[PDB]
Amino acid sequence: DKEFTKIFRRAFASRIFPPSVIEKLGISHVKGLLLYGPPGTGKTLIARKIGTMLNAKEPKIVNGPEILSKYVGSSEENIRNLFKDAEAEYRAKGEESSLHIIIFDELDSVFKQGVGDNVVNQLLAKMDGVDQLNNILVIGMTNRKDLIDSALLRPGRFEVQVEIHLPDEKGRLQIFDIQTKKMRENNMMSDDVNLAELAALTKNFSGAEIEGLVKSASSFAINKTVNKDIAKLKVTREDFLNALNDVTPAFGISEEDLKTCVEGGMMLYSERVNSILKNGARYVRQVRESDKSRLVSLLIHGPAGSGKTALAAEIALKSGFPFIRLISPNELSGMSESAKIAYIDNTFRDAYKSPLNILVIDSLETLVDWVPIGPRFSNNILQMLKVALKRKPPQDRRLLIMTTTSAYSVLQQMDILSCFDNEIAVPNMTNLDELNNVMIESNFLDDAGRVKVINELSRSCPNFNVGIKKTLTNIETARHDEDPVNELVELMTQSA
Amino acid sequence: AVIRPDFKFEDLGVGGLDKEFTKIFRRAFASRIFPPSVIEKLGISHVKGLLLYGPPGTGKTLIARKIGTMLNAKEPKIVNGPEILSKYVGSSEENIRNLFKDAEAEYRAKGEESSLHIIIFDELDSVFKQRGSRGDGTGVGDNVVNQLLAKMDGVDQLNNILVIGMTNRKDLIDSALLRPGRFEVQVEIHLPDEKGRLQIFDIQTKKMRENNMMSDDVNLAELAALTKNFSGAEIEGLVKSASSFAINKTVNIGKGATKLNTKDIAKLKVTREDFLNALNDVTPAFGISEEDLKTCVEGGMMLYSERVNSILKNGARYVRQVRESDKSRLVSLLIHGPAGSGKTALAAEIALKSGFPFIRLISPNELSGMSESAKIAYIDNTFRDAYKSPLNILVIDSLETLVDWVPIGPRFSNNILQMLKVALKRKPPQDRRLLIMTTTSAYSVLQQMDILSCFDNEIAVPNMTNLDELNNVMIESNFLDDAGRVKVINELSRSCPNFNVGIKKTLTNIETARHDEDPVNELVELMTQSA
Ligand SMILES: Nc1ncnc2c1ncn2[C@@H]1O[C@H](COP(=O)(O)OP(=O)(O)OP(=O)(O)O)[C@@H](O)[C@H]1O
Ligand SMILES: Nc1ncnc2c1ncn2[C@@H]1O[C@H](COP(=O)(O)OP(=O)(O)OP(=O)(O)O)[C@@H](O)[C@H]1O
Ligand SMILES: Nc1ncnc2c1ncn2[C@@H]1O[C@H](COP(=O)(O)OP(=O)(O)O)[C@@H](O)[C@H]1O
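Heads up: the sequence lines are chains F and E, in that order. Per the deposited numbering: the first sequence = residues 245 to 357, 366 to 479, 490 to 758. Start counting the second sequence at 228; every next residue gets the next number (the deposited numbering).
Among the hints, erroneous ones may be present.
[What the hints assert, rightly or not] Mimicking BS3-like on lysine-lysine, the simulated pairs with C-alpha atoms at most 27 angstroms apart in a straight line are:
hint, chain 1, residue 1, chain 2, residue 2
1, F, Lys314, F, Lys378
2, E, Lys554, F, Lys580
3, F, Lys356, E, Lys356
The set of hints was computed from the structure by calculation and includes no laboratory data.
Using the sequences and the hints, build the whole thing.
Structure follows, in structure tokens:
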């Protein structure tokens, strides 16, 4: 609706005025409008509806690829022939000519940077200069904006750019109702099926995909019958659930990546965990509330393997903000440097389009390509990050940044520590009490073994000092060989 | 109607691809089983386009050939790709829109009662390439796509046509035809599994076994086991190649004249060794692995000491763990020790005994000669491949050499190192498991790299030192007689009791002493200098 208001208010206001005033002042009316967006947004639908809603002349619909002509010079003949009606109508009357609209589906197909050049020549010739036809509106629609010929991308031509987006939640439910009507009405639908959950499953689907899913879900019911009881042909939930495997989108999401990081779960083996969580909650409310603190930076540092990614991910999931994202070395693997810089800069720029945002950075030093014998590292990306972490967002938008590291000293060498506002230390557990909590939580052994393990450990290793991750993997591997204590204690004593 | 009442698919040649047959039947002809009234009542349209594709020689042409006779279908119209084109202007286009008249006439004639007309385009990619190729020439290579596209999308309500297009390379197809309403369903045909392999052998050897022309000795199960990566075409080639051997025993081609033993013509019979010779003749074209690991342990084991046994037991323990638990989806192990002690053979042996579906090794041998980017890409593709099968074992050989370490700079390739560092910590996709074994000889260097933190457990392989183990390996190698093996050890006991060599050097010295002078004066001499 916002685009609907913008295009109407700004572009289509000058036609409203009495023609003599326009003729006399010399105000020049906007000629070119570019609708763009991903496939399936319905650019053709909006292009059709714009003509009808403005009470304009009947649109001339022509396909982009169909412009290609067999005969030499006939493509130019067609292009010039397109304008004859509008030219003659303006000649007869002038300012009183009605609004002619021409839509060229898939403009980029033929308008790339030699039929495809002579068409551009003819269009540009008829379009500007000798002609002052303000009664013609040409609407260009393309899925790929970068392919547009640069000869047309200039002021005066396609001044106004408007974008489009896929079907959101309610609209998807409504279209689902539209397709399902015929099948639901005829009492061949089991009441067990809920349409809203099928929307909840289909997040990145376009209408054609929806039709495909409908056919496949009906199809499993088809198969159930065929290896005269046709009355019992009913479409059930299970067919819909099964048919989801066939169709596939072309989208991507990283919210899942933040949910898998905490797969191992929390254990609250110590109070300091709760203290850290409290501090994180305090900082998120602080960003939420204060209108001046528009940028907050936090460091999470500690011994390797103590467990730092999971904590930040948990805090971020607890925040409940609209926009959440993670940057990790995993995504960047295999890329060249010039690509990694651009990827990082993208991930920063896309975060400035929402009132409240949280970003998490994983294993900073690993991104920086650090190795100590040289010491060797990539300076460019380091600089990129250093600049980026001090950028204030645009007005009225707020960021919360957490980065995790394990090489505090190296960062100290780099003098980058001035970038940050506050540090949090996460020490690994050292007291056998926490081992007991972890042990009961993991239901490793009965009470007796869990009492004997502590006794055994007390007489060999008082200061325990191992990361939680190691403890978990040690428990898992000790589960199999010899569940009794005669494995486990030895293993930790080796890993002490 | 749409399938013959007398049919069960058991009789047909196609075997080993049964899931694909059910998918095609369910998604293609299912909607044309009921009376028409139901479909409109349900508001479902019919499917129009099909695509089949796979590597060369997988059986697609066999399907396309037999389906017409299979399902009581109107004789499908077969046109190979490059014949649609013609010399004269407009001839190709009219040729394309010359196929659809009969079905369309029947459609106007008889509405929805019209029977099903099937036309199959062998070799779809030949003419329907990308329609933005460019070239500034005769445009007949584009308007054909437009003609088919017009007659297939703007069909004017023709709903009784199914086109089946077969190809070997989807990528070359013009993208304009891969969209809903136009070749919606795509079916992949991949290489057969083992059971389908046996099916194919059985189908091929039917007529053979019926006419008592095969010896009872032959065992199909063994053959199916042997042919690791053979497609159906390669199997047929194997069959006839094995036959040629039996054929070439009575007729002695070239040598002598034509001597046909008319009696043995009736006793012609194939035997197992002929099949073995045939296996040696034909080779597959896919390969991947399962040979490099076997050759990596060619020298075999000797079990000269308990240490070998203990290490093997530990490896068995670990493979059991990764096989059983579902929470442990990734395990990494290091094998380190003195140079030449013998590390690679042990890991290969463990992997071979594991018997998992999926195994490969990475060695400097393969990567030789490539540019850095190529090496990065190669490793990445190998890893990405490993993330596929449910269970996976991967072996990494001589890590230091993969990273190009030389101690004078010290110079090394950082990119490869850091790529490996990130990669060895990557948990595979959901519900997949992976087991990594890496071997090295320069522990301290790795420690300086500070990359020691992504290894769950480390295994030492001390070289042998006690003269007993030397006697064991020597008796196994059969270097000399009994008295010789005794006297040499008695001499070595006092010549140099303290002893540190390894394993490889020992075998080398044994062979050299065998060649020149298997007396003491060579073997003991060299053994003494080496230690
Ligand atoms: N309070 C806690 N603090 C840290 N880890 C915890 C806590 N409670 C539970 N865990 C568990 O500790 C495990 C070990 O941490 P994790 O697997 O994230 O390794 P890590 O230390 O982040 O790795 P890295 O060495 O790269 O920093 C987590 O998988 C998580 O399930
Ligand atoms: N128990 C054993 N342990 C190791 N090798 C054995 C054993 N029994 C027999 N062998 C033989 O010893 C040889 C070991 O050589 P291998 O190539 O593994 O040495 P390596 O140390 O890996 O080589 P490099 O020094 O180049 O790294 C093989 O021929 C193997 O068959
Ligand atoms: N189930 C099968 N799978 C693969 N090939 C088979 C099978 N049964 C028989 N064959 C033999 O393999 C060949 C089929 O190859 P074909 O499909 O023509 O390869 P292409 O993929 O190049 O079309 C025929 O010679 C046929 O006799």
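Results for each hint:
1. For the given pair, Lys314/F sits about 22 angstroms from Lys378/F by alpha-carbon distance, which is consistent with the 27 angstroms threshold.
2. With a CA separation close to 25 angstroms, the supplied pair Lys554/E and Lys580/F stays within the 27 angstroms bound.
3. In summary, the hint linking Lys356/F to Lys356/E is supported, as the alpha carbons are separated by about 19 angstroms, within the 27 angstroms threshold.
Checked against the numbered hints listed earlier, the structure breaks none of them; every hint is satisfied.
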